[PDB]
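Undergrad: Single-letter residue listing:
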Amino acid sequence: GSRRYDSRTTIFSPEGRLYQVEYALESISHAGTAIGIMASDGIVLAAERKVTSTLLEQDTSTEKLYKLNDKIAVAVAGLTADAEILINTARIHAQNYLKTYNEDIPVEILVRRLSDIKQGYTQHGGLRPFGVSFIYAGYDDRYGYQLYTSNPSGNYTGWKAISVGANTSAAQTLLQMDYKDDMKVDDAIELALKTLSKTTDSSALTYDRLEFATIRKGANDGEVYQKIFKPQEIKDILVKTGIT
Amino acid sequence: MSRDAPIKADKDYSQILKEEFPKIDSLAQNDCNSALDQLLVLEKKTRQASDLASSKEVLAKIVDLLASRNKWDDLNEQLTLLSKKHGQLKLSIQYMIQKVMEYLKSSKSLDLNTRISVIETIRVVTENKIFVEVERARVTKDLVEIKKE
Amino acid sequence: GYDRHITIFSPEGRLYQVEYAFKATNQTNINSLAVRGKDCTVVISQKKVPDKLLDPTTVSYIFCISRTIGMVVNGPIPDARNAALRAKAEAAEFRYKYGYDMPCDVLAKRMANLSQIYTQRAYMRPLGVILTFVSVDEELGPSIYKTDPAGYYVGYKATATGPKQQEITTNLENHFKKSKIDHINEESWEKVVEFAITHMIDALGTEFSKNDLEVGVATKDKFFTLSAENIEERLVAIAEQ
Amino acid sequence: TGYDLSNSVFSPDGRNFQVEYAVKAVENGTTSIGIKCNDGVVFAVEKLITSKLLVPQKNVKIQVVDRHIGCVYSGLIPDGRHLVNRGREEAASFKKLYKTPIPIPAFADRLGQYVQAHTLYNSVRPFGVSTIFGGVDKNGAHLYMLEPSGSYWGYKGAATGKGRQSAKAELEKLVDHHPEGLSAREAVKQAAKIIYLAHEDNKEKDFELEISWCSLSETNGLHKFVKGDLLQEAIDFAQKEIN
Amino acid sequence: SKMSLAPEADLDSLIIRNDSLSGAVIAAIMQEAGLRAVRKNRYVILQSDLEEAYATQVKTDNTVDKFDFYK
Amino acid sequence: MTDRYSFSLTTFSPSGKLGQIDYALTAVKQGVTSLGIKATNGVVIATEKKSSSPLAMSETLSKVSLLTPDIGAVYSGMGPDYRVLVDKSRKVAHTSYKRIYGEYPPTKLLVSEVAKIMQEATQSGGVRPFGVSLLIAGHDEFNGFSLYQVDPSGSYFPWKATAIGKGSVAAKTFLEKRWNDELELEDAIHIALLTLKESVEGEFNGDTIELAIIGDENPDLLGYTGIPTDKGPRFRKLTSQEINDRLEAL
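Sequence order for the protein chains is C, P, A, G, K and B.
The first sequence begins at 1 in the authors' numbering and counts up one residue at a time.
The second sequence begins at 1 in the authors' numbering and counts up one residue at a time.
The third sequence begins at 2 in the authors' numbering and counts up one residue at a time.
The fourth sequence begins at 2 in the authors' numbering and counts up one residue at a time.
The fifth sequence begins at 358 in the authors' numbering and counts up one residue at a time.
The sixth sequence begins at 1 in the authors' numbering and counts up one residue at a time.
Bound-form chain C, shown alone:
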């Protein structure tokens, strides 16, 4: 009845690589592309939506770029349902640390704890593990901008550029040839939108299939300002660059 049957996901794999985690990376690459480009003065963060349905009000509904707080924004690729739970968990964690110590949580600490929850699931949770990768674009004063990505494995790795979602290789290869260490945020805006269009099978990647955000310290009087760019503002900069 229940004794006989098994759907143990908590077998220690013989390859050293848990099979369930393998399939969750497949599933990530079905979901649209999200690109983190780290510059000295910010993180330029941009992700295409994967729906394209006309009846569907995509405009209103942000589904990939969620602002957690002032210095930290996350781009989602993966299962949107699984993702919702981790967004509330990540929001409450940064607030609790801010309350205890009166300092915005260093980026390192936040990313680590969230990765450790994913890990926990296959450690002895009995749970299927969340099949989501998140790029946490974060700032703190000490360490500058910091860029980390997570894996369904519960492992994070820092980078100066990363891609998740579809066309991981196509995007990564362009950024390596075109991005140089010293290009500023300003360049990266122009760079991001153009590489995305070229990976995607769409003839022009419309403004309405885009989500764009930046986290910058080049906001006056030594302050940090984020702005999730609204669909029509994406459109003007879409025309300049000649995609449209």
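Here are some chain A residues pointing at chain G (derived, C-beta under 8 Å):
#, residue
1, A25
2, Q28
3, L54
4, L55
5, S61
6, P79
7, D80
8, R82
9, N83
10, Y124
Because the hints were derived from the structure by calculation, they are not lab data.
We put the beta carbon where it would ideally sit given N, CA and C, even for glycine.
Chain C is already provided as a structure; the job is to place chains P, A, G, K and B on it using the hints.
TA: Quick look at chains P, A, G, K and B alone, frame taken from chain C:
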């Protein structure tokens, strides 16, 4: 039904009230409806076998009136009510009733009677699906004779 | 394969446990008929001919849930006892908290929620019985609600359950649509009983006796069965008629 | 196929096939009879003497519940003892609440819930036993049988075990000849008769007759075993009848 | 064309009753209808016959099974 | 006594994407047709509601249920799953909502709470997912009228027009053309009933067809007109007569 005292009890009951048939017959002379009333109680036997016994008495009655023109109406009307309601199935007591039905058809006694009787008789056997249709059709042909004129 | 065997959503999405449960009712072969009186709810049902080992007078199908609600159960005999507990227990629940017993509609809602839960866990399975709650509610007047193993439910003007429910439906269809009445408009409750028995005998084709019967009448602020003396007295009127 | 194996999952006919497996033990077990009589109830159970190592009158399956309900069972012997315990637990709990003996109808209702509970668990197996129980109370004599699958009914006469075929065929004719019932005293002799017809079935080993009773007039609505002169005459006289 | 429809009711009657069905069903309908026509001893297919033949073939997994867990 | 499962029955398929999510979805598609048009001055939600048996009361059967006096909802898929999910959703909203706010939940918020619950069913061993899609149609200050569609996958998005069930493919296309940026409350209903006729033909009595709008505010329906600046119930469940009326003005 399930009860098996009725079988014996009722056969006995019919026979004793068949020796009372001439008493019923004299009362029938004064008032057919009163002699009819006694027979109604009687043809509410619950068991079929004793129904068959009891339905003989009813056959004998209409011969002696020879023949009624108001009391025979109630009788036609009743037989209808017994079969449609229950009869304990539409077939169960309705074979017994067939010998009762049969007598109108074959009597053919008075031209006065014959015209009137066919319209009333065929109306009853309509919606039944046993032997009655063979009889029903033949008497219909007797109105066609009248309709020729 | 496996998915199908145990409770969990099959590829098709069918719940095989539920389909089998519906076959299960018919296996008891119990037939019911319920009509709505003018001011009463009459439900009558068969009971299989008694054994000399059993006591013929015992009943175990009827259960007095509360003053308002009587219940007749069609399906697995062992599970009917199981179900009878839950209806009375939640009936009493509503008296403490909300200060009076459940209505008929409101008891059905509650059993249905419980049914749904029983299906998701493996260990728990849906009660294979089909439950027929009878009541006269005040607001709705005469009411019958039929609640299913699934957790599916709906009220009825008149209902039938069993392998030969097919025959009863056709009879009631004839009875109630042609006349054009939603329920029997006869005032005296006695003549509703007279008449529901009459339709049962007609429809399945087999005469009933005291032993098969069992007459449930629910009225405003009462559920009662008729005494054995009265059952026999209704028989005398039925035969003459 | 797979629906059967999985305990408490609907068989494709309907109802878990394990409940049917459990029934089979009860047939393989010893005869037990329960007779409703005028005065009360008379229980008899066939106790096989496999060997003389066995201690006469001392491998009773007769276990008192409260003080006025005999209980005796057939089938898997450990299963019974758990359900026996369960009856006890239930009786006492009623006396906590309501300060008076449980009625026999109420006992029959409340015992039945326990069987169903385990059989809507996949984790906890069926009971392997039919229980005959009953006694005399304030509301009179009452006889109930809890089938292995959980069903309670009134009975004029009840039987379980291998020799129920013999037991049944007699009890039907005995009720046909005596529709006004018979005293529990006379039925002590007549229980003994019935068991003898059933030991044609269980003819492999010798036996020992054990009757207990609870009667309105003669045990004064308490339950106690039948022994000494009452029991002896019952043996003696019945024997003659069956020759 | 094959056999003049009876004048019991119009040509246009057949048309109304089909509402979306394909040719294959139309053919099964017309086949049954004229079979029963032969018995009466009229070679004309009655407009009643097609009516009954159309009406039937309703089965195709009813609504009972569906509605207990898809509705 | 708990099932000896200690693990998620739900596994990733070896090709990605949960088995069970796919399994649950089929039910929504198989089940009967529902459509909705979001409008600027309301929302029309419409569904077929066929007699189960003519003898069955066809009035007590419901597929419209209340979440708040402002927001109503209709589904397609498993009927018994819906009933329970509604009850959970009343508690999840109301009590907790009143404690942190003390109002009725805006539509955006209400829809998101429902999404997490669907996910937790699936994730949890011993509990198989709820396979129902609900359309939650409602009003809030800050977004005008809104329509969200909530998938059994635990994901939501708002739509101008949507349909689920068998007839969804046909319906969506018909509507697509008829939808305008500016819409009359009266026209949204005409257009809705017109399409609904094509889902299954016949039975256009307003009894067997269940129609509701999230119309305009009434202190009349509110049952107190002593201060009529209070919001009335936005949600209105239409009578059969009202529907009968709409057929003549179509």
